[PDB]
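Taking the form deposited in one PDB entry, here's one chain by itself in structure tokens.
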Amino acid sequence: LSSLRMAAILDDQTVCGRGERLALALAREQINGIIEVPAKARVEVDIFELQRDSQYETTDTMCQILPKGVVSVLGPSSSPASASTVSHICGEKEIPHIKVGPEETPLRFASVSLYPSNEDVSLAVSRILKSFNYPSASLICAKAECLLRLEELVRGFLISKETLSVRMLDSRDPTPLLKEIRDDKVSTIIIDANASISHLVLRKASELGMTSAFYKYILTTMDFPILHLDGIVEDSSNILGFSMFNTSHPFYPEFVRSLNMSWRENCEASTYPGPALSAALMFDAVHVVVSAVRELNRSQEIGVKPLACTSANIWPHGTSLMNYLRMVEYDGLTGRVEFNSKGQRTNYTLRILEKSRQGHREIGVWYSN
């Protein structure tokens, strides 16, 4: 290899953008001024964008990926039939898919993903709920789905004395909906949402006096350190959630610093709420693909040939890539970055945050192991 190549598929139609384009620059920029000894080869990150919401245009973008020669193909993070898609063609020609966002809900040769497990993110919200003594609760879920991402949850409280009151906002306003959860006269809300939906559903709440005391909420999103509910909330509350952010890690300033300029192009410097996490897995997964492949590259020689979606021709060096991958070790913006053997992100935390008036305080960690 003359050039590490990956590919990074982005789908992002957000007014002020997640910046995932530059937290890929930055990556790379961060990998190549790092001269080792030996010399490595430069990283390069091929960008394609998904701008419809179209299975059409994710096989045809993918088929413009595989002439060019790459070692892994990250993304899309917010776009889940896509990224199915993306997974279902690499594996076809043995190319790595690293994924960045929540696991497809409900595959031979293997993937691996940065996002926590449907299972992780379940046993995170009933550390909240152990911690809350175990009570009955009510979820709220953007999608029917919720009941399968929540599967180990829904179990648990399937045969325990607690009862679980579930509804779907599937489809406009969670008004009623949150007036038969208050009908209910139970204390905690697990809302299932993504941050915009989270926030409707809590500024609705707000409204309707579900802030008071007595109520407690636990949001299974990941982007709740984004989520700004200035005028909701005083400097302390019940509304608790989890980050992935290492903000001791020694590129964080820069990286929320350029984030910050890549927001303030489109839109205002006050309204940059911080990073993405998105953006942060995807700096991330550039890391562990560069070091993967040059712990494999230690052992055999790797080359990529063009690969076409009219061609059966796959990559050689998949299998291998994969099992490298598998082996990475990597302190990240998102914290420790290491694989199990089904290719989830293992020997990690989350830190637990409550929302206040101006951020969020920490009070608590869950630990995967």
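Positions refer to the first chain, counted from 1. Here the rigid core means the biggest group of C-alpha atoms that line up within 1.5 Å when the two forms are laid on top of each other. What changes on going to the form deposited in another entry:
- Fitting the two forms on the rigid core leaves the C-alpha of residue 236 displaced by at least 2 angstroms between these two forms.
- Put the two forms on the same core and the Cα of residue 53 is off by 2 Å or more between these two forms.
- Annotation: Cα of residue 269 displaced by at least 2 Å between these two forms, core superposition.
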The other form holds:
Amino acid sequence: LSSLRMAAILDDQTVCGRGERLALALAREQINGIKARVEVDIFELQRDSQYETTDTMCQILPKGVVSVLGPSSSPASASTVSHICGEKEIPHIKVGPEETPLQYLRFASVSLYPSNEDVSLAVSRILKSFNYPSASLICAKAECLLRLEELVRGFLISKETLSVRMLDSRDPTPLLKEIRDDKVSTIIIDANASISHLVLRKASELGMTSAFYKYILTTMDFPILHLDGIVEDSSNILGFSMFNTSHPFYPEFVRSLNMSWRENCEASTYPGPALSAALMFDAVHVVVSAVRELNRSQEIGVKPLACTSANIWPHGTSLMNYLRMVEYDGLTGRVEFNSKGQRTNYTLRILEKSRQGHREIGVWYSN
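Structure of the form deposited in another entry, given the form deposited in one PDB entry:
The next block holds one chain only.
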């Protein structure tokens, strides 16, 4: 390798977005600033389209890359990337939830985002602390049944019930009213940061953020959900964080994304760093770590590939083995992978919203 080139597919907006582009640039600058220079070629996705993602992959492969990162928030498209990466034997580095299918693509990818099973287990751990009550689940879309499959199977067998409602409309109010009528305390919200905020804002207006109710959010952007006027002194609103605020680069990461936001986005208030930005940063380090390790025992070369040819990257299988041996301390905590390419030996901090922000009330361990 003359340069250590990888590609990143971004579905992030440039203005008032999650700062994934800057996070990639920060990782690159940090690694290079410390041989072959690291390059990250960035490709934009306008929407979640498998057909258009295929066109993007056909542009990427001829550039000679060692991995493809993302996208973080376009599940159909990410499944297409995994498929094509698998056929070409180029590693796919995932940084968002799979929503949520594929047995045959077992060795196409690794993912830095918590597995669906782990999120299900983490929510179930909280339900255990509640003495396993019946609950309601509010989903942005019906695919939540796939991502929370393990939780759903548990409720399908238990004595406790789970009432599921989909937003699929832009006002949760009527849905919350039905929950209130049911007189069930525990409400699980499965949605991204902005919809989660919308649901809680409307619950607040209906007086449903009082002490009677207990909310569990699945979004890993819980830390950047700022809930003033929504969160009451008596609220029980719990969620998760992957961030290791003790990682040496954490303050610099926060400040850099803050400055970028202040400069380009005057219409909204910077809430703090999005997890997908931190995952992108960590993904660059994971790829570089594995490639440099592989490069110690054998000769790596990159080659232009065509998406429609039968040709593969001869070194891809080996790189995937080295990726799955990586042990890395990142912004999102310890990064190690199991034989499915899922994060293992990591933690999720369990946070509760308070007046001033949030406080840590516990830790979930993947092991």
